[PDB]
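Only one chain is included here, represented as structure tokens and corresponding to the form deposited without this ligand.
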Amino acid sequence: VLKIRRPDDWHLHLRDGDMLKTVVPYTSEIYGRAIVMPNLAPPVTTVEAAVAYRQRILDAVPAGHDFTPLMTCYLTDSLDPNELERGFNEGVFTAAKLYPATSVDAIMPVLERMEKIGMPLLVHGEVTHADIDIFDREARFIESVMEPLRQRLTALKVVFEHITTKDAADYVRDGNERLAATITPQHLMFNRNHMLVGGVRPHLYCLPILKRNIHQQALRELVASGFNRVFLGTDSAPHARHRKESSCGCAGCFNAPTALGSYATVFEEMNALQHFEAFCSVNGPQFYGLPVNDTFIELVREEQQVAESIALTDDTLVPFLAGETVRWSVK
């Protein structure tokens, strides 16, 4: 039996409208807080929009779930640094998120303000040029964007989100107290062979794409080492079935329902359960300057079955590890 401080999810997608209403409870039932990514359509780029989104999230949180969404701002070339800093000072924005659609060299005033106020920058670290092989895009981001940025803004706190490579694992392990990373359950559990051998498995397709085994092993080693600037972020990224099992399936695993148990299994596999609690419930709060939760949950060794699908308004949501049997249940 595993007793841990209630965890938090440092990287989550809740979407919006009815999907939001469906997926929130799976997070709010387990985690005390989550970093709520801003990539809606349209994205959350203003305080008012984040206020509104947070209330839509709260409206959707079941009664008796003690859950706080930590909001983020989608960095754009038009964002006024003053808007960002106001959201940060007012407790609206916990962090700001940089996606490849936005160029660092276009938003230097915003980044400089984040540095000055101590707001963390969350990075989806890929260079997305068509002439870069998909498996190389994360490595390429390190040398071409991440390092020069961190050299220019030396006080800036950066979370390298959902790292998937030895390149990134080494970079993070070897960097300073201002650099951290999150790791999903899928990038610990699997490598590209799992996605592509004996069939193509769209429910294991996500970005950054699963990499070769050597990379999975590097990630597993980093968590299992006790390194305390890596922490739980699921990157739970739900899409409807017709949208994962199609001629052009979307990237993202709906893993909120199973993630915690999956990380427990990985830590057990690596003979590193002593580091499981810090990963889920300590290392994140430490990097972000927030308190650790003071309620507790337990994982008990108990065969569960994962739902084959979950309903939405129309068609279905096919969870990560759908139909499969997992090892831990949340008490």
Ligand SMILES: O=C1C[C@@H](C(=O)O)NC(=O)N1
Given for the second form:
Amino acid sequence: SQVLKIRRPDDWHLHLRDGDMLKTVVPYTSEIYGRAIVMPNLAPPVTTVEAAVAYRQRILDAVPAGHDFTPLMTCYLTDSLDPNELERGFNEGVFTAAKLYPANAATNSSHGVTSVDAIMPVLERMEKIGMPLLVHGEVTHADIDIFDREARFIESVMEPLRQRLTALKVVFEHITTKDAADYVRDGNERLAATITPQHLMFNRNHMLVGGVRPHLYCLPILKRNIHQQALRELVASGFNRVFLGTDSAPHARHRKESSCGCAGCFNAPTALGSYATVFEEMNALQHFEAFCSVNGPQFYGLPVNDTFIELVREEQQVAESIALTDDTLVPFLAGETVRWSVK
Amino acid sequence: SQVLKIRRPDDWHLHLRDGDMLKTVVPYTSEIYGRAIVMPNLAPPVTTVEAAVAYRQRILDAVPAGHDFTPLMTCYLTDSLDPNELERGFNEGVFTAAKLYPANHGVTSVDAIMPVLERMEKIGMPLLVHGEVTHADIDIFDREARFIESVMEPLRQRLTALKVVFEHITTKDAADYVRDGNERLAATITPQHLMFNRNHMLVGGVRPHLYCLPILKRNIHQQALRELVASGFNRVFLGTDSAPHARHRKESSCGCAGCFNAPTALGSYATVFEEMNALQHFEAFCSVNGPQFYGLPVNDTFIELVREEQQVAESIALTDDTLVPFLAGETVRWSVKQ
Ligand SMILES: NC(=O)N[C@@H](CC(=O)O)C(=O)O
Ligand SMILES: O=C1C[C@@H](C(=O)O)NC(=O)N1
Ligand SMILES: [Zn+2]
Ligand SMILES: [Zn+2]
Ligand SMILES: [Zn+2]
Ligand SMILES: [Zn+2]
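Output block for the form solved in complex with this ligand, input the form deposited without this ligand:
Now the complete complex, all chains and molecules, led by this one.
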């Protein structure tokens, strides 16, 4: 059976949570990926150097003996963040990047951004010092249809911001639309993107035909098939400013399978093999390694990993669930037979 | 303070289920509505007069003493249904209508059931249509509009005397189609498709209790539906599509489609018509338009709605698990007096 040997990958978009959940989920990342961009949306969010240092240590504490795994921390951008605090964290090697979540005029200044215009001082500082901005590019105005929120962000925020701050480096995280695919494809060397396995593998029909499937419910929402196909064609093209970002985003089963299910797919256990399946189906396996292991490092200005892992094309069964201290976690593709697995 | 007295309504699109669920859910309908169109998608479906007779009795058994409720039964169309069985049930006053569910025991094509539809047209039996195509490569939000072009309009062009109700319409496409139709075409609209759009199901979390078929659409469609009922157009009428499922069948890795809206629909419709400055058309929608299309007398009793905020129960007890009502735990602006 067939083997794909690649330089050890990294995960450029990850949620590790905290406490007991962190302890459970970290190994699924640390056994496979050399590094991961660790998102800062804890409760409360990671908005200071001190919090990020402490969080980094909790993550490191949870890494099993012998895994060579480095968490790359992020700062959650808020209205009240001091640009001097962000800069110090960047300078000290604590913050690899800063994350911008959608603006909301009603957000507490300690927990988020009211409008992009309101945090220009901090965005200018990142431009000045060369710190990459990671963007969850949606506008969340109550009068915008949810399937439109990504496209509206491009027009309303992304293009204006990049015109205003022409040296700013930006990753358009977890892109989900042809709009974003074209936008990133047509951008310059300062603009990149991550794509999750679920947005390559599925479209909204998979979440809604035959039943509603909360384990496919994530933000940005799965879009119509034309968008799925655009994403697939983008990674398959060999375009070298798109790279692996799982957006692995774990929630307890009872929080997913409820009257108001949380957004996020726990895909760390099955993501790498899921990407291999997509690249294989697109006849584009020659671009697979770069996506997983080269493009991200290149964009972030970091070294490519010098060790290797192998995927084997032999069928395995994904666990139905993964025990937590309380409740259980349902992994992405739970119970399914998958095509590629790590040797 | 404000009181609104209407002719007693009917529900022209209802799911009552069977067994213990039936016992639980019938009183929420029977206490209010004079009649309801009882859908036949049981497991197995109601495809014979004999099955429809026994089901009707199970329903009547579960109606509390003192409720004057009459269930109007329907036949589940299948590809091989004998037209004589359908006609016999009609002639015996058992079947009021027949329901067309696209496969995915449902109907695989209109061509396979032409002789059944031709008999319905001859005898004047209305055809109730779940108007969605189901091909795997058609996006779920497009399935209603595609049905209109590819099935509905060809069908109506072929059987020009057939009376059709376009059930639970959800789109501007269907709203315009019905608005511009002739007197042999009508529609029902649920409370959920008037009150919400897909954002309410998907923004801030996924809400399976708002997941139903046809799927909630974009806001421009919700608005079209609200304008249609508010216009006074007299070939749209109340059909709740109350479609109960136990809580943990809704709240699961693959949640069932349907809203249990019988407890709150009437009040919910009142809120919509009020918001649309269209309470003058509310009675007709609830209590006149349906009977007129079906050729049945209007009800001869009256009820009162009062604009006093009632809190909707968080859940309703079942033998096993619970049933979560539409708008569970929320407030409804209108309640039924006494
Ligand atoms: N509408 C729904 O979402 N559910 C109905 C089926 C139907 O009306 O098609 C049901 O019977 O559960
Ligand atoms: O934007 C996000 C946040 C993430 C999470 O749960 O943290 N889950 C998602 O689905 N995407
Ligand atoms: Zn995000
Ligand atoms: Zn994320
Ligand atoms: Zn239906
Ligand atoms: Zn129905």
